[PDB]
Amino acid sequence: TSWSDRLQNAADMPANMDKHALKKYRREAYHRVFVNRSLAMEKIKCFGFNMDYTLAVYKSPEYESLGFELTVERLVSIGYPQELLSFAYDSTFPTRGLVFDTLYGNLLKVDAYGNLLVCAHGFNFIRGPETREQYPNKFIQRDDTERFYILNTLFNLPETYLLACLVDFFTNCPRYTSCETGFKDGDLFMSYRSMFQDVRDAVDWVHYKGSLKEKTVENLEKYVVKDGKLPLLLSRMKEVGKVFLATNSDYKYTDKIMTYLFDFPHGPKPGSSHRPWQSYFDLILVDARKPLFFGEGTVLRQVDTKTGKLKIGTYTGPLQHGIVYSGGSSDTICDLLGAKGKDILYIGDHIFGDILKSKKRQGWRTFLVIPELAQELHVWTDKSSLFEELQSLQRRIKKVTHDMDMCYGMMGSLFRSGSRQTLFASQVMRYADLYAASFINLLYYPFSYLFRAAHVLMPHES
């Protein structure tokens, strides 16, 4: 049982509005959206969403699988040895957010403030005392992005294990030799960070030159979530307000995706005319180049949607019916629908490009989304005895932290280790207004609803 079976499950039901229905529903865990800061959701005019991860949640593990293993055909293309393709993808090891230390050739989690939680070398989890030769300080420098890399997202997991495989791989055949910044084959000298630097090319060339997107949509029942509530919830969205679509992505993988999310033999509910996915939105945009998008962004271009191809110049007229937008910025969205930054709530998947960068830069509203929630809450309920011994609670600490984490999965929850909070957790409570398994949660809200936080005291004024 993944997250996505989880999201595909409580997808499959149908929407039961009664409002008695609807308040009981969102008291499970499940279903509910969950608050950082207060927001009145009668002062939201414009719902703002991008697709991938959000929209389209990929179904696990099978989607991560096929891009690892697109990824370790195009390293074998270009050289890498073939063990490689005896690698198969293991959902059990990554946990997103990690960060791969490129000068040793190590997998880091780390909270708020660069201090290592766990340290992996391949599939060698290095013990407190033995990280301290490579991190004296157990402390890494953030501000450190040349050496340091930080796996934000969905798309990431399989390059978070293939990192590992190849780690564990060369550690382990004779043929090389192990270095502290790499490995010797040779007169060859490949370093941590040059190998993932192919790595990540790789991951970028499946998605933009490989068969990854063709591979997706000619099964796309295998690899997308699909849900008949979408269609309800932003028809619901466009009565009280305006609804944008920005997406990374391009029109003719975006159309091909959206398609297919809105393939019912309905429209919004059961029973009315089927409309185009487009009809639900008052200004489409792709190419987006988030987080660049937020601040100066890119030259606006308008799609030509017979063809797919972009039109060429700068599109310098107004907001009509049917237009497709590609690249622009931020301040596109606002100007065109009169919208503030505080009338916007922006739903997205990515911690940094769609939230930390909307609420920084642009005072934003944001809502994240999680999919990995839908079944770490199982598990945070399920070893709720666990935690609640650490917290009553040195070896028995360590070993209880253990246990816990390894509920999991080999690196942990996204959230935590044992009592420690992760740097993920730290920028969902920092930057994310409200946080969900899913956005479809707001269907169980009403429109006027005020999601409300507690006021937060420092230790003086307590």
The other form holds:
There are 2 protein chains.
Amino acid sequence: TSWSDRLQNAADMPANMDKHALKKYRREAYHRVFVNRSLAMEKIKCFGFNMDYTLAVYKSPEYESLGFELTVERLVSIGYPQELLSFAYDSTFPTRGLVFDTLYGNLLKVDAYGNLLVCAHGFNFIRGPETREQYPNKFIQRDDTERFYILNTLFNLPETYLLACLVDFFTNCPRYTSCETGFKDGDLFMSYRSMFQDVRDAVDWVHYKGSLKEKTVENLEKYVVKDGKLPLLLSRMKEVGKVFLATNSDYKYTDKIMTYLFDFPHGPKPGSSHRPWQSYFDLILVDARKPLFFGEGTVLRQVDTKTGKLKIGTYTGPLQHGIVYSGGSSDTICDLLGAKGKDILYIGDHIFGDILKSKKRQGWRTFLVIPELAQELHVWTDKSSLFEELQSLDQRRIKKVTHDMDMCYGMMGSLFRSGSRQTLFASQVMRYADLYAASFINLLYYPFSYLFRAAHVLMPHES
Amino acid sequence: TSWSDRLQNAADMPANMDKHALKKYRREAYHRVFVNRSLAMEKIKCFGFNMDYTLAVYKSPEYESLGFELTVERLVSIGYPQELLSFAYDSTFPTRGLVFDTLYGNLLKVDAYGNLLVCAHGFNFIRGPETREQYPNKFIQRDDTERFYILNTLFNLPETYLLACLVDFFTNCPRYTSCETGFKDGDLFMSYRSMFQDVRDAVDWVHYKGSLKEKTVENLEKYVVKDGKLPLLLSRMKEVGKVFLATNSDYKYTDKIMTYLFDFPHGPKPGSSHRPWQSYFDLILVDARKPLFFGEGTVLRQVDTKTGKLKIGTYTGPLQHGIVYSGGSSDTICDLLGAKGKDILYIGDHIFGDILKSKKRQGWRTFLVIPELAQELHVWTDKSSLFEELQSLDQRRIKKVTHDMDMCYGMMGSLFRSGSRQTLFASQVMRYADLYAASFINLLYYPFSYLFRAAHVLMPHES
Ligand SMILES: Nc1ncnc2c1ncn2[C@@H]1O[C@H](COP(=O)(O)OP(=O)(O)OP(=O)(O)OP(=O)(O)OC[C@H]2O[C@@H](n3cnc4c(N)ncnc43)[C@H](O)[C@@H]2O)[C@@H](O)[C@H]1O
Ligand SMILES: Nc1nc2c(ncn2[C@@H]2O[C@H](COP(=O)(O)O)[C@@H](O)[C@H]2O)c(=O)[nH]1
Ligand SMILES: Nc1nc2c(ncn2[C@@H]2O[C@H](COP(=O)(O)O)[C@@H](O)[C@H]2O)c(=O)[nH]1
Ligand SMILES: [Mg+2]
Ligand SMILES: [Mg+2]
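What would you give as the form deposited with guanosine-5'-monophosphate (5GP) bound, now that the form deposited without guanosine-5'-monophosphate (5GP) is on the page?
Now the full complex is given, and it begins with the chain already shown.
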């Protein structure tokens, strides 16, 4: 039972829109919208969406496995050893939001301050005392973004596991000698840094020049969660505001995926005529290049929707019906929709590129979709007696229970914590996502003008 | 009754070290250490101090007035009009942590997200609707550190008030024409940006080449809070750990100020021999250049304590008794004291340069001294019925009460909030200062191995 299984189960349910059934549905944590900072929905004039892992949620572990296989095949084709071909994706190893340290080849789970919560070299979990050889203060400098790479997205799950696989492989293969910062193979030295760059380049290649998109599209049911409730929610949003799409992907892929997401024998609800996905949006923008999009962005272009190619030149004209934009900046959306940032609720899955950057750079209201929350709530609920025991105790009893708690989620523990310690991801969700949920669909269960409320915060001296 | 009056009152009290009197004293908010993140004092091996506004707390409003007069005199001497000479410091205008917008000439009080809480152009407080002409989203981009200057320290109070004075003066003087981004004087255009740079340069000059230090030292009782309890606390810290000083000031000034702070007819307690201030520190470091100090720093130098000049060359030797260092980096302290960052509690008043940077860059434990908390607690306590009314209501009743609440603190409101909205300063204290208090002296009231406890934080879905 993966998190995507939970999501597809809820996707298969039709919307009962009776005002009392709606209120009772959003009782269950799976269907709730969680609130970090208060948000009056009545004040939202534009709803903005990301596509990948927001509107288009890819099924797990099938899609991660596909990305993993194609990345591995790319590395073998550029010269990596044949043994890579015997790796197989394991969804129980990676948790999202890990930090790869390119100096020492470790995956790290850290808190908001760079304190080490978990350290794995290959599949070898480094316990407290031994991590002090490499991390004397059990701490990393987060501002050292050249050394440390944060694996923010579900697209990073395959490389998270692959990095550990590769480190495990070269360490244990007797054709290589292990050094502090990489591997010797006779007269060739491969640093963990160049190994990571090869993996990163290979993932990029698979997305950009490889066959991931082609393979996805030739089996959409296998790879993509589909929900009849999506057209209904979008169409209700359009009744009270403007709706826009801003994706880092290209038009041709967006068009294939979005057509699939709206492919039902009806429109917003059963019995209504089907309408093209594009009709649900006041503005469609592809090749966004987020987060640069929230800074200077790039030159605004117009897509030729017939050929899927860009028209030559910068687009200088106004918003017209049926136009599709490419590139531009968040100011494009504001200018064209007549919107200020706080009038916008932007719904995304990328904590850095969608959420943190739109908040800091533009003062947009934010909604973070966390697909794994589907499963994480189940574990949180039915394993709460473990956490409660931990909360009670607050020494090597603490270490044992922290471990058992964590193991329930996988080898790298919960997305949100290690025992009583919150992860960097958890703190960034709290700091930057005004609202969050397992799915944006949970907005369907809240009335037109709901007021999401979070308690006022007091400083220690104010209590 | 200024905040420094409150502090000097407590300074005049002798330490009653009876274990029950200590426990009862730290009941009162004035004498408490507040806790943002848990800290086991037993784990602290080195206590580090800043000098200015930490150990040496300058009396208010006398010291701010002195800085203000000397800055004004510097501006007049470089060509600013004679009318500046009739300005007089007003301690009721500035609150610390305001943001000067160099584009439009406004002082802004903002929250952690760049949302506008207060906007003053000169002495003209811009209400909601009118701020939208210049701030369409009632929001500033905090990452635009070229446009926005955050007035973090008590040293910035004189320029905070002076900036408002200057904008008020040129606006109302008919020899100048007001434009969006500054003032016309015939064929001369002075932008608010160049005006701010002149003020900034003039403050720097007063500190570096002017007579502020000379004037301070020729009247120390007038300008500097003195406390018999300081030698006692330092000497108790030295019993269980190492103690160090890291100041951005120069040796000669540090030596004058520190001699004064320890000038009592006794040592740690009445009846004990007086000892030189330097004897209380295992390591003394001047010209620190914080926050650069917490990055690459500068070359480590040795002070010639006879002449007050630097010895020629980089100091390559070991920690020796009686040596005084200059420049260097935070790694100097760790290497010389055999300390890891989490073994260090660093006590400072600069939220950015002492606290935020030592936390993020080095994983130091942090203690923020907030001198105004002395007065702010009094207002918080005896005006709590106003805040409580506000908390109850949570529309133009909200606006009225927010205003009346704020006015109790001064024209720019509390350091920590505007009504129910927390300031950027408040959020940075919570995020970056593990402990905080009105004075570092409050540590005297806590046992050798106290455990400061903050409640574990839960995400909305975890509650
Ligand atoms: N998940 C992720 N994956 C990959 N990368 C990620 C990531 N999350 C974050 N990053 C990037 O990692 C680097 C370090 O991250 P962080 O350490 O997270 O920077 P921050 O979250 O924004 O904290 P800070 O309180 O200083 O920020 P603020 O907006 O207040 O500061 C705004 C500006 O004002 C300055 N500033 C802030 N407070 C100040 C003060 N009190 N005085 C003077 N200057 C101040 C700051 O130095 C800054 O220049 C950054 O480049 C960040 O964008
Ligand atoms: N080149 C590259 N593209 C990525 C990577 N991760 C996600 N993408 C692309 O980002 C797009 C998703 O954008 P979204 O709709 O989420 O803004 C997809 O086209 C996907 O292929 C990556 O690691 N490298
Ligand atoms: N040049 C300059 N020096 C300052 C300014 N503010 C504080 N200082 C200096 O900083 C030193 C205080 O450093 P601390 O002991 O607080 O680290 C003092 O010498 C003081 O003159 C400023 O705005 N400009
Ligand atoms: Mg996405
Ligand atoms: Mg200081």
